[PDB]
Structure formats: structure tokens, C-alpha cells
Amino acid sequence: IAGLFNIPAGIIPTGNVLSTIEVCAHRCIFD
Amino acid sequence: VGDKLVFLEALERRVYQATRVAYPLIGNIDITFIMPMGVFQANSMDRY
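Going line by line, the protein sequences match chains J and N.
With positions in the first sequence counted from 1, the corresponding number in the deposited numbering is that position plus 18.
With positions in the second sequence counted from 1, the corresponding number in the deposited numbering is that position plus 386.
These aren't lab readings, by the way, just hints derived from the structure by calculation.
Quick reminder that beta carbons are idealized off the backbone N, C-alpha and C, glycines included.
Worth double-checking, as some hints may not be accurate.
Listed next, with one range per pair, are the computed distances between beta-carbon atoms [said to hold, decoys possible]:
1. J:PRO31 to N:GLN403: 17 to 25 angstroms
2. N:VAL401 to J:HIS44: 19 to 27 angstroms
3. N:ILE420 to J:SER37: 43 to 51 angstroms
4. J:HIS44 to N:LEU391: 24 to 32 angstroms
Chain J extracted, bound-state conformation:
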């Protein structure tokens, strides 16, 4: 099961993600 690492886990992010769109519309690809 997931959740072993802290979900926020505030640290130095690796890189920024683009295409800010509605992610809740499709969440089947996520784990």
C-alpha cells in the first residue's frame, strides 16, 4: 500500500510541471 512516505513531503522540488488543468477529471492513471 502507498502512504509510507509523507504525501506533502515538503522538500526541494525536482522540477516544475506544466499544463495546469483539471486533474480530478481523470484519476484512474494515478495510484
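Place chain N on chain J using the hints.
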């Protein structure tokens, strides 16, 4: 266009992007229709 200089805007990425509000200019149009069903032309000249 014509003889004037106008702005052209298609705001859908700067605004109304990744929100929960509908973008206007997508309104609807109601149209009615009418059809006869069982008319019978009672005449000897048009039943040809």
C-alpha cells in the same frame, strides 16, 4: 476588418481554465417544428 482596427480575443486559457465555471458564448437556441399527420386532400385533381 471593414475599415476599422479591432482587437480579437478568444479568452479560454487565461480565464475559465482549470476552474469549475462554464465559459459563456456557448448559449443555446430553441427551435420548434411542426408536421401534419393524417391529412387527406379531398379532391380529384390533386390525387394524381
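Evaluated hints:
1. J:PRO31 to N:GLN403: 17 to 25 angstroms: holds (22 angstroms)
2. N:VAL401 to J:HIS44: 19 to 27 angstroms: holds (23 angstroms)
3. N:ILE420 to J:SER37: 43 to 51 angstroms: holds (49 angstroms)
4. J:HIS44 to N:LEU391: 24 to 32 angstroms: violated (42 angstroms)
In the structure shown, a violation is registered for the earlier hint numbered 4 alone.
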